[PDB]
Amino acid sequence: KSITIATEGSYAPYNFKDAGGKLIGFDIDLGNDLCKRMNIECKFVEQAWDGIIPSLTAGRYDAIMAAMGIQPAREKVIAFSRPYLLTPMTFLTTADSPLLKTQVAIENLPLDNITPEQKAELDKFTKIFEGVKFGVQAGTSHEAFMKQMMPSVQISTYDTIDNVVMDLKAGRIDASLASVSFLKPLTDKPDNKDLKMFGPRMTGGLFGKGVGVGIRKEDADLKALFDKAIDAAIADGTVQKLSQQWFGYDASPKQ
């Protein structure tokens, strides 16, 4: 038994290339680890984003591991394994903003079945955000979360996240909300040490279920094999270990 897994190869640290052009990254290391548990051979191939789903349905390969968010639009065409990595979102402000002084009672905040303690934390931040100029990228889940969960907060919209960042550095806005995968490398750059992430690391709700293995709907047995492998990889700490290695934070889901 052997499967071909498609990835982008242009989305570091999920899937990208080494100096020799070989596919590397979290998706590649996890894909190989999952296939090893499944006792199946693994081959990674490159596929441009626009054709990644049609080429799966055309049968060019058996699965997709390309930081693909499990979402209703994709679920209309393909099936997904259980999530293999969460997609945390967090807030961004300037270094020395008073917003950094706000104590974070719960670091990880899953939004789906919000506990009274979790809701109290989200209300506490929403309260402070009342007097803060907020900026968000238009058409994103970040804009949706602010419009649905934080109506008490004034928001301005931008075409790109780079433009949100430029206006925060210019002082036109005081804070933002974006993905940790974008914000962590951004704030790690010496030229951006005047910026800081803060607040809860949120997942679920409007932010989706996380990333999953894209599989043809008919391949029920392959999804079952992937689900068993993912649960075993979460259970033994492999997902957590690879998450820390590739991202510098733990985005592993619950088993």
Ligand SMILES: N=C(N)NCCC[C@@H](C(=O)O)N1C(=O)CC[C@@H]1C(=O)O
The other form holds:
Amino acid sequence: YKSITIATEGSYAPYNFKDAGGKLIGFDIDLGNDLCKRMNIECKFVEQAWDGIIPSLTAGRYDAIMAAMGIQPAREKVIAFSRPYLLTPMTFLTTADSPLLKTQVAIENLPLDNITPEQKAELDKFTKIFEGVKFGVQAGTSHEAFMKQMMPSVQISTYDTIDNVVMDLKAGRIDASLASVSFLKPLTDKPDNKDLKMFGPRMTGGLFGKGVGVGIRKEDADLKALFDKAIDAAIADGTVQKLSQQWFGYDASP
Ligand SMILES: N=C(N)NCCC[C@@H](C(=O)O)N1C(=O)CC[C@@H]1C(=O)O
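Can I have the other form now, the form deposited with this ligand bound, not the form solved without this ligand?
Below is the whole assembly, all chains and molecules, this chain first.
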């Protein structure tokens, strides 16, 4: 390999978004540039809307995806992933004045790979509390998949970007959402968002899979091996931890 093109979305801060000059910035951009230097490959980042990001990769419009993409079983049917470069659970989001905040969380860390009756009881409790509450999620994400598969009785609206979800939650058009802690912690830590709060169980596994990874075509085994070696080195030397603290305000490195 000499040169590759990496697609990102550009609407998911602090992983990938646009600066004041319209340039793509964020953890995925800084990490991608560091990995390419390690691989001795020239890389160019390009913006791609979330809906077509996977088919444009398999159609050969670019060589990899770094766009806060969870390594999840459904996507693994279509593309390959590097080993994870970040780990994060998933949790809920509402407004700081919401009555939803008073709900007792019986299971703080809720793994979904093998749901026990106790874990199902906790998911069912939140489903019942959420029935009547209007949820908003970004379309085409594990957030949408979780609500449709695990909480089908809850009213959901899907959005083109997570930015539009947050806009509608702030405006009171929706009452709650779901996303990773890696997205929600920096969002709620901003003084701009003192009116927003994370809540509920922190979920992992199941349809969410594990980790955030670089999406690569299945046939590109050598490119996956190059990324895996570079990611292992960036984790080992503390680069991923450094970038995670810079962008997220905490260490989400594997
Ligand atoms: N708009 C984007 N560029 N990416 C949205 C990805 C959301 C979600 C997913 O892959 O479907 N995520 C995962 O399930 C774990 C990491 C990520 C998240 O919730 O932050």
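Residue numbers count along the first chain shown, from 1.
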With each C-alpha assigned to whichever superposition fits it better, do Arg172 and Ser55 land in the same rigid part between the two forms? no
Calculate, from C-alpha superpositions, the turn of the smaller rigid part against the larger part between the two forms, rounded to whole degrees. 48
